[PDB]
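A single protein chain has been removed from this complex, and every other one stays in its place.
Order of writing sets the chain letters: A, B, C, D and E. Residues in each chain are counted from 1.
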Amino acid sequence: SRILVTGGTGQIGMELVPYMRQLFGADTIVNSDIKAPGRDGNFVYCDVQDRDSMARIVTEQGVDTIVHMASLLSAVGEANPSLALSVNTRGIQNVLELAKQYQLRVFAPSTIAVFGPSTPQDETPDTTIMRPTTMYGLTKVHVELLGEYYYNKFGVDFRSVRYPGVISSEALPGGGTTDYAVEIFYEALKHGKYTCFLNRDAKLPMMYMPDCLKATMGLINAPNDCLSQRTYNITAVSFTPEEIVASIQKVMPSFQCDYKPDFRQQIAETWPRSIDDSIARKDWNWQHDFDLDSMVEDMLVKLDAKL
Amino acid sequence: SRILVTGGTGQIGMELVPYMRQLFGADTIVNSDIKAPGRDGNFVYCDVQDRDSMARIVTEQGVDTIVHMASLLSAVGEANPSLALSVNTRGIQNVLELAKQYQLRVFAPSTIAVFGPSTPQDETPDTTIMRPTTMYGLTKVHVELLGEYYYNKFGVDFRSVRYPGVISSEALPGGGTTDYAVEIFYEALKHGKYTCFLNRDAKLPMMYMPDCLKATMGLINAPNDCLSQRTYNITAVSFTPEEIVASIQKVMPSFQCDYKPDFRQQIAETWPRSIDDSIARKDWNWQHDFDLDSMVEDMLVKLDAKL
Amino acid sequence: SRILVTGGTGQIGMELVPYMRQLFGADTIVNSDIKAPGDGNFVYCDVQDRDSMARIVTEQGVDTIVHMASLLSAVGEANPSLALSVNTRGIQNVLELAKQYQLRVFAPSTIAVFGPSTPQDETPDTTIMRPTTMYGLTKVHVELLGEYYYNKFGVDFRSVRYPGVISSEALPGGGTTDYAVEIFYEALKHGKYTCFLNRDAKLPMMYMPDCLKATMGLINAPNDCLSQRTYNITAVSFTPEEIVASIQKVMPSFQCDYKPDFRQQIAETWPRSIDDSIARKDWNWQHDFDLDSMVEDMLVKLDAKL
Amino acid sequence: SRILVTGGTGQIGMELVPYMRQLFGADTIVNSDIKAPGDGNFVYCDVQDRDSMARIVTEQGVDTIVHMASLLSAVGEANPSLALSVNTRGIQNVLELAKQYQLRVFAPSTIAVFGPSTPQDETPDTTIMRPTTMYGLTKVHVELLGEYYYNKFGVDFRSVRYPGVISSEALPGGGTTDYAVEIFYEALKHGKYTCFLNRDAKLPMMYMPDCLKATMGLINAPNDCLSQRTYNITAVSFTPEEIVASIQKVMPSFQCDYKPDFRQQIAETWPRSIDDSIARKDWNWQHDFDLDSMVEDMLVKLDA
Amino acid sequence: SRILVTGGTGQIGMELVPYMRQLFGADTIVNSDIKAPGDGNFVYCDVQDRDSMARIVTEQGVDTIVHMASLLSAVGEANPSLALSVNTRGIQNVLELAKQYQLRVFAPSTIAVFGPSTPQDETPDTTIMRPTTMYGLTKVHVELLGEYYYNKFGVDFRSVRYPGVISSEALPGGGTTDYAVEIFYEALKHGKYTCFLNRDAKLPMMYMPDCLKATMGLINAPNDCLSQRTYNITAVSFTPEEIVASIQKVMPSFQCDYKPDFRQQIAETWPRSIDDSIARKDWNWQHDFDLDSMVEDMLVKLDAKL
Partner (left out) sequence: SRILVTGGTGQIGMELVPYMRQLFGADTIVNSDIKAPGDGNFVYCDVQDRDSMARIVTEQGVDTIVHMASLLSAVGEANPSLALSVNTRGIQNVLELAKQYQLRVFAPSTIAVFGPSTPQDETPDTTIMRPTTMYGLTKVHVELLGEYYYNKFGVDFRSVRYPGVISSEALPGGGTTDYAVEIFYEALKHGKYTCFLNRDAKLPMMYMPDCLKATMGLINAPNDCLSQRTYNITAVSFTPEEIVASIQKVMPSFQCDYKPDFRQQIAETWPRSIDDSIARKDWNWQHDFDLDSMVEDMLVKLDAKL
């Protein structure tokens, strides 16, 4: 009867946890991280590298599901090799080893970063070539393959979704590659102008936070019998910075945008431009709600409020 | 100056080691493992999960290259999945971290078990879908992705070869899926009959040991500038039990074979039937010298002696 | 029987080890570090790992640890927790085995133990010590803890506080007193140098042969000689402009520029000169190299290398 | 204070000079020769030119000449009248100056002062001396003249009879005991050597750092302990087959041939072993290196 | 064809040269010296001037050098630097010319090759030689070099070790054994003498006739009979009281005093008696004059002069 979120305090978790609490009762969701929320009132410290500390939480709290968000992301992965390797692989391995022991089910999300330059670049399918260029990406492939294997070998109900770039009104950008899609709106509101660090024309899959929540929950609640697979690509839209610029000027016409590429372009070029998520459409009725324009308008009202 | 072989006591190691000592001199190959050679005379204990001990060997022995052979194979991988996961992922991480701190180069094997049932099974490409079902297999995707990532991130000269089934007269047969092809011969010679544990018709890629040693030394001495990839498929032939049996029976006609297929069959059929190794033919002039009938005559002659 | 040197592959080790081999024999020094030399008796030894040191002390018949291993002012500031761990756990392990095994110990200290509030001209042995850099503070711990093993358990423990050490052998690498080695490469390679200290930032300094002599002087002195365990050692003091001017005696066409950086804020917290009276009196410490001589020799040796 | 070395650029010199520098200060030692070193204070001094030595002594504050200059036994046999002039006029010049300027003198002698009528087993300090080489007969002249200057004029004269000296720094070139340096080079370059002495030609020998230690031991000894002026000094004795056997304890595969030449007829008139007990009692002479360890240490030092 | 005598105007030369002219013809001996006789074929030869010597040898058809020139023990100790040059350069030039022109050489050695460490009774031919005098160390170089030239270049080299030599004809030159010439002049002039040697300093000695005979005996011997190149030769051995006593057998009035000086400490380092049995064997050496008869003869002959 209880769900343990790890990495609960990050971008996704900071909204995922309140939404699961909405759906299931405040008290049924155990939120955990290595940093406290920015209230909450049912929070625990958990470093996912420390397997015993996690056994402790699982047992004391009556946990039957781990929503494992804890990760180091693309930037810190590039910045610091072995720590990312260590948090991300040791996290999934501890999490999965615990699920088999106590019979937990687990969700852990993947990422479009699992894809490389030799991965087909348009309408990228669910089973395809995976040769990532980033530490973050390669640790994510292991997640997948290790979670599938725990499924197949021990029947650990293991599930996952490859997130596209996620746009949120609530977490401050963390210097990642898709994060030009969050910074932009701040700068739009503060200065009426942005300098973007991707080529004008770097197309990427992106999705607005509520759809990310909807997808996360949709697969977590899907009855197990409908799942042709364990990990699903999911998308909402693909856009280029030039489109989101133009989308913003529909509401705020005076807004401008410079372009000054840095190393992040080189990363973006190795990732999908668009993802084929048909398989989630069919199996578990996956359906996004927000297009480019509505996400742009909603983001704009929210952050213009957040001041 | 010196070469460090890890897992130097394995099947491949018990022969790679002497060979490397013929090419560069006895004193120039540091032979290490957690089991003594079954003299050697330049043997050190080295548990690849212990980074510092390795730091100690590398420093003391004047090592510039690591030929990382250490691994748990597919049998023990399934029987004891936690173990394999820590020796394989942690032995390769420590090797790369050291290769980086000490500017080493590294050779580490991959395997055909990197591939899965959604991988195109005839003429398997170097760059393809990889969704292996075995613990052993998925630890080897990680070996591949992290070696490649060290190459591109830190200039660690990392190189690898996907061994197919390997046959030899000197290492004792284990519980491997491709191992039937080592047993068959002992059973030919001792009884005049064998019962194989795969179906009559499960095609696999295989290679006789001197080609294995060949390919290993060709990839390792190739000049860096001719290598378009870091990891390469290598093959020699491909055959079914049915056909290695007929081959044996042309040398010993009274040999019979019988077929009782265990779980190793459900491992076998998720593997390639043939691998496309053109890229290694192209880049570093990979050429095998043993077809089936010549490895059979040779196996047969050599075990006849060894008894 | 044997001496173990830790950190034996740094700037001082790579010249201190072969010198002690001369004086004692080659089989009599166990060289150890975490990187090989750029040996005969070389062993890998991470001085944060006490067991391994126990092993080396035991299998080698060690009776003296000349404990060079340390992170320096640069990595100290850039990775502070790492510095604090190698330098503190290193001195604690070495001291804790000196006691268990009846071992003698030499550990260098440094002028960086001194602070803004230390009198900075003819700085005495016993004085205010409030360093500003992680490196400095770890070395006050060095001093305090070796002193206390001495008075508490009779571990024969000795150090010397090195000033900036100058040498041909070892490459420069981001330290504050390093300007005094880079200067020479730049003069030989290019006729000129951009110095990162103010022209007038007086520091105490010594040329390796005197660093070596002082090390062996305190190490070989009879124990009944030493009114203290730590000693200030100096040779000369000078400014960047003075050594510039010294170079120009031999290479008239040499020029110097000053773009000062973070290292100036380090340099002005340290002494301008050091009172080493007490080493001169206790164990007849006497330096041989002044600035012109060291300059001359630096240029001759480097020119050979390059 | 200041010490003049003559012949400082040869085999013994090039390692004695830096050792004296470490003991006394770089600046205290005037290194001189007729070749430059292959420094700081090097000067050209041909020891047959007396008054060039007068110049050097006077300008440099010399109080002691360490007179290493000589032609050796090969050049001695190959060109006798030059060896005669260098060896004999050189000691006479040094001792004459020593007397004008109140200098001390160190001038080595040699096991070659002995010949076929000398008892050749633990040969004593005071014994029959009828040597067959030009080089040895010049060195009895050295001893007799040094001792005479000591008795007659108070010139503090001292000497040590070297056995064969083995070292890593100078490279061989023709002596009779050079066999024990060649062998090492050939051991390492080829895995084999041809010895030009009989398998069993036993001779007293000494590794360099001992040689250096015996040289400074006599030099520093206080004058009142010295019962004589010249001292036999030895470390060990061995035959080429023993040094071969020694090397094989490190390099099992090393092999050795015997093609004896004229140096055999030289080695044969030399001692097998020398009695240095007098140097052991008057000034505490003690060798540190036996066969097996000089062989160990030569092999490492040459390999590097 | 001809014989060159060096040093031919010395005590030995002035009687060796007429003896040789009787055996071989007046004209067959080239007498030479740096002083003239008290002759005919006399030439000036300074034996430290090699080419004057080559001159004489080639012009005069010389095939044998009888090399007498030397400074004795007296001028050896007084002017020790010149003794060194005449004695070492003379035998060197004479050996170098003997090799170039294929000459035989005779060159006298002396009992002063022996020192205090030499066994002093029946002193053998091969034995310890640590002479204390310049004169004796130069003569060891004489022997050693002459032997070397023999074994090396086939120079026919021969010496005898003269014991003290007694003769009438030559004026005693304050050498050490030459008390035994003085004694006689004083005996006849004064009936009394003062000996500068202790009363019991035993020395080997020989009367001039036996000197000549030995010189000639060694010179004419066939080379195939010589087991060695230098030979001990004696006739008798005696003390001053022993010679004093012999004299007083003819001149019973004769009295003697003893006032010892430095020459005593010379005499103390020499043999008391020499063993010359190798020569008596090899080449039939045999003296004719014992003490009493050399005493009777000196007295007659010296009565003759004066």
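As a working rule, a residue touches a chain if its C-beta (ideal position, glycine included) is under 8 Å from a C-beta of that chain, and two chains touch if they have at least 3 such contacts.
Peer 1: So which of D:35, D:55 or D:190 would be touching the chain we can't see?
Peer 2: Among D:35, D:55 or D:190, only D:55 touches the chain that is not shown.
Peer 1: Residues of chain D in contact with the chain that isn't shown?
Peer 2: Counting over the whole complex, chain D touches the hidden chain at residues 51, 54-55, 58-59, 61, 101.
Throughout what follows, only the chains that are shown with their structure count from here on.
Peer 1: Compute the distance, rounded to whole Å, between the mean C-alpha positions of chain C and chain E.
Peer 2: Comparing mean C-alpha positions, chain E is 75 Å from chain C.
Peer 1: Nearest whole angstrom, what separates the Cα centre of chain C from the Cα centre of chain D?
Peer 2: Measuring from centre to centre gives 41 Å for this pair.
Peer 1: Need the CA-centroid distance for the pair chain D / chain E, whole Å please.
Peer 2: 37
Peer 1: Can you pull out the residues of chain E that are in contact with at least two other chains?
Peer 2: Touching at least two other chains: none.
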